[PDB]
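**Q** Chain by chain, the residues:
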Amino acid sequence: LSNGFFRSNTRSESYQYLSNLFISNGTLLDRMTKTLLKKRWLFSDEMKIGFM
Amino acid sequence: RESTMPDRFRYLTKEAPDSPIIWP
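Chains A and B are the protein sequences, given in the same order. Letter by letter, the first sequence follows residues 2243 to 2294 of UniProt numbering. Letter by letter, the second sequence follows residues 93 to 116 of UniProt numbering.
Source of the hints: derived by calculation from the structure; they are not laboratory data. All C-beta atoms, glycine included, are put in the ideal place defined by N, C-alpha and C. Careful, some of the hints might be misleading.
[What the hints assert, rightly or not] DSBU-like cross-link-like pairs, simulated, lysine-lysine; straight-line CA separation at most 35 Å: (1) A:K2276 / A:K2290; (2) A:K2276 / B:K106; (3) A:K2290 / B:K106.
[Said to hold, decoys possible] Quick list of the computed label-pair ranges, beta carbon to beta carbon: (4) B:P98 / A:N2245: 42 to 48 Å; (5) A:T2277 / B:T105: 20 to 26 Å; (6) B:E107 / A:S2256: 50 to 56 Å; (7) B:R102 / A:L2260: 34 to 40 Å; (8) B:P116 / A:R2273: 53 to 59 Å; (9) B:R102 / A:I2291: 18 to 24 Å; (10) B:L104 / A:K2280: 17 to 23 Å; (11) B:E107 / A:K2280: 36 to 42 Å; (12) A:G2292 / B:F101: 17 to 23 Å.
[Stated by the list, open to error] Anything over 10 Å on all C-beta distances counts as not near chain A; from chain B, calculated: (13) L104; (14) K106; (15) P109.
When you get a sec, could you build the whole thing from the sequences and use the hints?
**A** In structure tokens form, the structure reads like this:
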């Protein structure tokens, strides 16, 4: 299995890009987690409202 | 009473009254 070290590094770069994108927009997920803890149920219209 | 129901839909589980007929 010479094809096991290739997928791992691809997922590593995917994780790095996801981390770099999530770090800058951390306030969005922070307020959104506060909202989810506040009101138990949650939809996509609330996504688009709370993207600010 | 604890329930797994969202807060937005709470008004949709009650039967609203209707205006009675008046033309007779």
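**Q** Take the hints in turn and mark each one as holding or not.
**A** How the hints compare with the structure:
For a cut-off of 35 Å, the pair hint linking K2276 of chain A to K2290 of chain A stands: about 16 Å separates their Cα positions. For the given pair, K2276 of chain A sits about 30 Å from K106 of chain B by alpha-carbon distance, which is consistent with the 35 Å threshold. A distance of roughly 29 Å separates the Cα atoms of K2290 of chain A and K106 of chain B; the hinted pair therefore holds under the 35 Å criterion. With their beta carbons about 46 Å apart, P98 of chain B and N2245 of chain A fall inside the hinted range of 42 to 48 Å.
Checked against the given bound of 20 to 26 Å, the beta carbons of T2277 of chain A and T105 of chain B, roughly 24 Å apart, stay inside it. A C-beta distance of roughly 52 Å is found between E107 of chain B and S2256 of chain A, which places it inside the suggested range of 50 to 56 Å. Taking the beta carbon of each, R102 of chain B and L2260 of chain A are about 37 Å apart, inside 34 to 40 Å as hinted. Checked against the hint of 53 to 59 Å, the pair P116 of chain B and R2273 of chain A passes, with Cβ atoms roughly 57 Å apart.
Between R102 of chain B and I2291 of chain A the beta carbon distance is about 19 Å. The supplied range of 18 to 24 Å therefore holds. In this structure the supplied range 17 to 23 Å holds for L104 of chain B paired with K2280 of chain A, their Cβ-Cβ distance being about 22 Å. Checked against the hint of 36 to 42 Å, the pair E107 of chain B and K2280 of chain A fails, with Cβ atoms roughly 30 Å apart. Hint check: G2292 of chain A to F101 of chain B, Cβ distance near 19 Å, so the stated range 17 to 23 Å holds.
No Cβ of chain A comes within 10 Å of the Cβ of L104 of chain B; the nearest lies about 14 Å off, and the non-interface call holds. Separation of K106 of chain B from chain A is adequate, the least Cβ-Cβ distance of about 18 Å exceeding the 10 Å criterion. Every beta carbon of chain A lies more than 10 Å from that of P109 of chain B, the smallest distance being close to 28 Å; the non-interface claim holds.
Checked against the numbered hints above, the structure violates only hint 11.
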